[PDB]
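J.: Given next are the chains, with one letter for each unit.
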Amino acid sequence: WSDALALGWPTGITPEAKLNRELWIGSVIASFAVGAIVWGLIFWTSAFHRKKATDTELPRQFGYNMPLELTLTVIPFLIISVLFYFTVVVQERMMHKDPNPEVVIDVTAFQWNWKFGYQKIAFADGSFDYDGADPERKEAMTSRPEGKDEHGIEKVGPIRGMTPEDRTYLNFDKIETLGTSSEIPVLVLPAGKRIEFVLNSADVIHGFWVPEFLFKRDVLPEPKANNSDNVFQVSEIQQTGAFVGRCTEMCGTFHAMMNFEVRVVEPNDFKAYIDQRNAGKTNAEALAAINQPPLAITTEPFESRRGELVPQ
Amino acid sequence: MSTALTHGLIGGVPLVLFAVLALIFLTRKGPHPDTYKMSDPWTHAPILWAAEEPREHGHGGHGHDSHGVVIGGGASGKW
Amino acid sequence: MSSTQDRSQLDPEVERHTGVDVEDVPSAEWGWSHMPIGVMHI
Amino acid sequence: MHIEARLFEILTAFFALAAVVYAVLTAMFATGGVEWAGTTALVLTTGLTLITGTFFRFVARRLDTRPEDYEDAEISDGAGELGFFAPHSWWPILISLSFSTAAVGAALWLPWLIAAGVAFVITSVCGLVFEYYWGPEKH
Amino acid sequence: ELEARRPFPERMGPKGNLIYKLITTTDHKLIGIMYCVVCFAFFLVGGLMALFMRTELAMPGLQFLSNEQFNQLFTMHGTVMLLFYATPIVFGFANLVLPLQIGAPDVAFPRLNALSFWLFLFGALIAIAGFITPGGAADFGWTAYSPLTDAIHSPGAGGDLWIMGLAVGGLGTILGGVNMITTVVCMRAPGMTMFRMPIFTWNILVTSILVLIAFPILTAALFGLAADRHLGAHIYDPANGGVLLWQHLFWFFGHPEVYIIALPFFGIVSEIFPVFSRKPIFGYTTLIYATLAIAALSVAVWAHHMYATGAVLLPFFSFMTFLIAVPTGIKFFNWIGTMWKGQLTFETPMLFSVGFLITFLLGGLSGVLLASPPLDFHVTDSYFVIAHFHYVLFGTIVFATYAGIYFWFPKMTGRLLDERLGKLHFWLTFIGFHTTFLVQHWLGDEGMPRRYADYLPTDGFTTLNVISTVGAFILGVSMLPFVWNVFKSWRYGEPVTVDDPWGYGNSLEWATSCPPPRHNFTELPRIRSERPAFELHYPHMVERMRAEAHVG
Amino acid sequence: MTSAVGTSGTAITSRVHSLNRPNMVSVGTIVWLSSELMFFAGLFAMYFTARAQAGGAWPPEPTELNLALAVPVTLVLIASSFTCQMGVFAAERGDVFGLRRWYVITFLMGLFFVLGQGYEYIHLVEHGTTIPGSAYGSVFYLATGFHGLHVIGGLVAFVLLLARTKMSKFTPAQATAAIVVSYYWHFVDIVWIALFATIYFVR
Amino acid sequence: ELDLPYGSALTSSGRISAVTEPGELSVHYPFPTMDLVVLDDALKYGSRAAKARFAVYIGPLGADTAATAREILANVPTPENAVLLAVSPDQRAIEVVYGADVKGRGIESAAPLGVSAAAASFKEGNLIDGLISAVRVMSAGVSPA
Ligand code: HEA
Ligand code: HEA
Ligand SMILES: CCCCCCCC/C=C\CCCCCCCC(=O)OC[C@H](COP(=O)(O)OCCN)OC(=O)CCCCCCCCCCCCCCC
Ligand SMILES: [Cu+2]
Ligand SMILES: [Cu+2]
Ligand SMILES: [Cu+2]
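Protein chains in written order, with the entry's author numbering: chain K, 27 to 338; chain a, 1 to 79; chain J, 1 to 13, 22 to 50; chain Z, 1 to 139; chain L, 10 to 561; chain X, 1 to 203; chain b, 13 to 157.
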């Protein structure tokens, strides 16, 4: 009954997702109760037809019921305040910002596909002496001694002294699971660990949404400069297997072709995968080596052809 | 799924529903009074109809006065 | 009131008796005022 | 115009409260302090309502109760010379067309078309404004 | 002792009696008619864009549309339906009856409202004109987020025409707000106090303020975007707060935009219930306060459309989003109270008016679900949101506007729209609507972000999409009975030779000939209460309307 | 055409008798100015967001505001508002020519303000700062140049009203037209005061 | 003096503002809308040639039918050039009356033709069609003043 009453909400795979699903179930129950009573009122006042027995006498013509108005403007405030309190307590576990993530994934989303960096890994049980690279974060300070003019301008740069073509906000890592247009990226994560996602956009705003995480975030170009808390954490992922993930903000024309996967594997599988990726290998090769289907099993890199009626 | 089935569904379900609703509603007696049958007596109040065809001097009512009926003809018949 | 009512005698010459009427086109007598509907249809 | 002014006074009070609370709760408890977009927008919509309500209040204090604003007013009380309301005019469509020309000139970055559209807008606004003041031709 | 009336009223009129009025018309009644006709044309044009989206989305493949062609469709469909059908038609209805409903002969600046309509029409055309360009119309979404709208992304001319088309159309909306607000403040009947003018006129008044507060921000933002696109003005550069600046600027306009689209039709629905329930609008003084509260709150709860961005004071906007739902709840309960213990007769205006209640509520109930950020996270930017604001818009500005059209067609044409065709049109619309969008809640609840041109067959919810397409084509054919009804009822159809074709009318617009005389009146009754026309037509009720009032 | 069906001296008269009832044109123009305030609110929001995201040195190194020239123009605009109000006082009277003098010198001083703004613009442009050259330059130019466009529109309104006063007899309607034009000019100078305090003093 | 049974009130000026319950109509004429339109089209432009106002009176005309026809023709806006065809099916009677100005323009010669056209259709059983035919024939007969 819960699945049907959830209105097609996938059963979460994280503690945060489970808690959000429970809040959604409660809020939908409240909304359906309110809707049921209001629709009952409407379909019961629809029983007040103009009865032919109604002689030349108009209705009670009352209007203006102050006590009833007060009651029906007090109760909605109570309902929405209870819902707001539940919302706040659930929100509190939206980004706990635990300063000790078990694996940090640098999710950089460029125009029409994804890339995952594996910035850092630090298992609580003790493992994964791994770290991000960051030699490639090179700035584009246009601080030339002189510009077109002969002297004086000594232009530094448009924005904070730099150029919009900066890309310094982007972070890069040794293990990059770049997603090609013909190969859906598959970010592989260890099961049972705390996974942080550091979110960024190379070109334009778009949205990282794993539907089974019951949570999305908007990867913006420069979240730090836009006062956006791009980085967000997930306490745990219980269920293993492949979970589809999608782009949920306008990217451009190929906004519907940015699907990726978040394949949750066991911690030992993650050990093997990261070792085999440190060794020169691709994501598909590492998946095959850890004995898991290499290509995204929940989605395909569907046709680059503009459509069905195009003549190939 | 079943491209032909989906096309036929989207093209036909609206048509079937439209036909059903038209049969339900358009086939209902309208508020327009039924045509007066000659056999039945004339129950409606007297009806006088006029063309409004020509220009009536000035539009304003005042000044028209009552020159008179000045009847200038006649006729009769019994169907 | 700084205007004088105009009056004009326009030299007339079809007698606008089979075609358009002043009720439909107020200035039928003042110029070419009706094209046969056959012309528009064809 | 007491109620007319009071509407905007109430709106101004609410918008001032909203701007103040937004500014405070954004200067603290936000990622980067004051948002500076919502804050400014709220402050200047408070200013919108404040200007309109202040003018309406000035008018209400300057005016004796009108039949419109007076409960228990007979129609004959307000009966009289209503002011000039513009009859038929074809200048509005010309103004709209001129502004559309300027707008397409801005969209398609055509400075010549922008200049032409601005000149047409000036001409059409002049026509609309002078429509009921142009005197008879002097010959 | 008998009158010489024509056997039937004049059907159309003499050749060349209308074309020159349209060009020169300074009559609000005719301008309102121009709004309604033109606005509906954009509804049909904008609605047709959804049928192409529906047909494409019925199957996982890209059968006949391209990724960018589909992207242009929801941009222009969302744009046309909101800014070229929904926002211009509130001033279409305002121009239609607002001077009538306050006893005024005309609007405050009647050459200005003529300009507003033409600014709407021509501004709308240049926005839709992005289609004729080879690149296409504006590909970015209707919201038109910042970096995607920069010259770097979406460099085509269609995107620019869209920006300027809104600027031109926006000005007409701003000027229209000046007329309605100035008309109400200044031009009023000798007895119509501010607390006795009808609810619709009050709703338009507060809506006009929202228009003045909101639209200028859009024009400022659009010029900033246009400056960025044409001059590289770094106004919305992401390194600045550009991405969150535009969203803050746009939604500060955006959310009031979805309420100027809502409040006027709350008045229309509020105008129709008392006349057909045969009793006063339940809680008149409460509705005007509810309307005033909604407009005050709508300005300061703009950012609840930006929960996913993770860059806004999340608790603040959620609280006021829950606070702005309460006034709309009061308004909803009052409408039921008006229907309560009333001699309801479900003519085509009530039928649509009641339909608004049913559709709006479910859309409203989902609205608070979106007001919760934790729920808004998963469900944001998905078809659940598409289903939310369609149950609310379509409920509020299709069901209610049709109720307004059906309610006020005699009062502007002198002819009655056929009841049977109206009932057919409603149930086609009601059955069609609930079909297309009800499943879209489930569609988006499971992973399916909106603005998706294609989806995989392996992805589920393929059956829901076809069900949605079936509903939209039921909606597609539902506009045929309406257009036929209006087409054959404007020139033919049962004439009304009396005021109030719907007896028990209020608001003083039913105190004049159904086709109102130029300058709206030959007879202004003694205005005493919120129901002048009812007081006039039923003097015996005058005492009762005061006696039974207080009990509630 | 005996004398007239409408016993009015002027074919154009006030929209409602202003002595007892609100001046409708004044109400409309005040509301529209309240809207233009929100337009400038959007511009101010852009400027303040750029200022917030600036890394300490809000006006970049290349840009240097010429307050020595920005203060004279601001004082000239204030004087323009004062003389416009004097013109309004003439308008309330039948002083057609007093109104014309006051509004002509108002237009001249507003034109001087526009020319001074253009001078500062070209000076800043040749000294690096330009709309595409910097975020500061772009927000500053956007705000100040939209205000400059509003000032140009005000000058156009002034000359247009003067032309209208030249073609028909002075009446309460035309005095009201002058009053609303003055309302626009006062709004323009007030938004200029806000922009000056924001750009040059607050910085 | 009494207004309509319900909902109609005399206004500040002479005009009476009436109302009807939402379901029903106002004209209540017992003829199809389309043939009402046809008869209106006849009266309107099939008579423009005559330049004399053509009027139709379906109501009863009792007592001396001719005289009642005269004093109902009196109600036509300009009886001077007017042609009133009155049919009473309560009496199966037809009476056509003419104004002084509409005399000698073929109106007198068209009276038997119009009456016969009305009578044939009426005995066939079509009141509105007979009225239309009579109007057409009479208007063809009359010549502009
Ligand atoms: C007429 C148009 C209209 C109306 C009235 C509303 C009304 C409301 N909207 Fe609406 N909204 C839109 C049009 C509208 N909205 C549009 C067009 C979008 C764009 C989508 C996008 O771009 O994101 C949007 C987006 C939108 C979002 C963003 C969704 C997202 O992007 O993820 C959210 C919340 O997050 C929201 C909330 C609300 C709320 C809480 C109300 C409420 O104020 C009113 C409705 C709710 C009710 C509950 C009314 C019924 C109340 C009662 C019956 C009283 C008793 C019941 C209770 C107390 C629950 N709206
Ligand atoms: C007033 C506002 C309004 C209205 C009435 C509608 C009406 C409809 N909308 Fe609306 N819709 C929006 C506003 C509106 N929408 C907005 C604001 C968005 C978000 C856009 C964005 O995020 O960018 C949206 C998004 C949206 C989407 C998501 C697009 C995507 O993200 O991929 C879909 C998908 O099916 C959709 C479908 C529909 C349907 C089926 C209707 C139907 O109810 C429409 C009825 C159809 C018709 C009336 C056409 C039938 C008529 C004819 C076929 C005759 C044609 C004749 C001529 C052209 C002369 N809408
Ligand atoms: C909507 C308009 C379009 C979009 C919105 C624009 C709003 C701007 C408003 C006012 C700005 C005025 C001040 C502008 C001057 C300030 C100095 C400057 O801009 O810097 C020099 C740069 C070159 O820089 P460069 O190549 O790098 O070379 C450096 C050399 N070393 O010139 C420029 O591009 C500036 C040219 C901009 C002209 C804008 C004209 C607007 C008129 C539009 C008419 C109304 C349209 C109605 C629309 C419905
Ligand atoms: Cu995406
Ligand atoms: Cu993307
Ligand atoms: Cu909102």
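Please note: incorrect hints may appear among the correct ones.
[As the list claims (entries may be wrong)] Cut-off 20 Å, straight-line C-alpha distance, at most; resulting in silico cross-link-like pairs (SDA-like, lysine to any residue):
id : chain 1 : residue 1 : chain 2 : residue 2
1  : b       : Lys-135   : a       : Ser-39
2  : a       : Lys-29    : b       : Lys-115
3  : a       : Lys-78    : a       : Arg-28
4  : b       : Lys-135   : a       : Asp-40
5  : b       : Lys-115   : b       : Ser-155
6  : a       : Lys-37    : b       : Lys-115
These aren't lab readings, by the way, just hints derived from the structure by calculation.
J.: Each hint should be assessed against the structure and marked as holding or not.
T.: Cross-check of the supplied hints:
no., hint, result
1, b:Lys-135 with a:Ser-39, "holds (10 Å)"
2, a:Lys-29 with b:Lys-115, "violated (46 Å)"
3, a:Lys-78 with a:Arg-28, "violated (38 Å)"
4, b:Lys-135 with a:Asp-40, "holds (14 Å)"
5, b:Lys-115 with b:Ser-155, "holds (10 Å)"
6, a:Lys-37 with b:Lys-115, "violated (34 Å)"
In this structure, the earlier hints numbered 2, 3 and 6 are contradicted, and the remaining ones agree with it.
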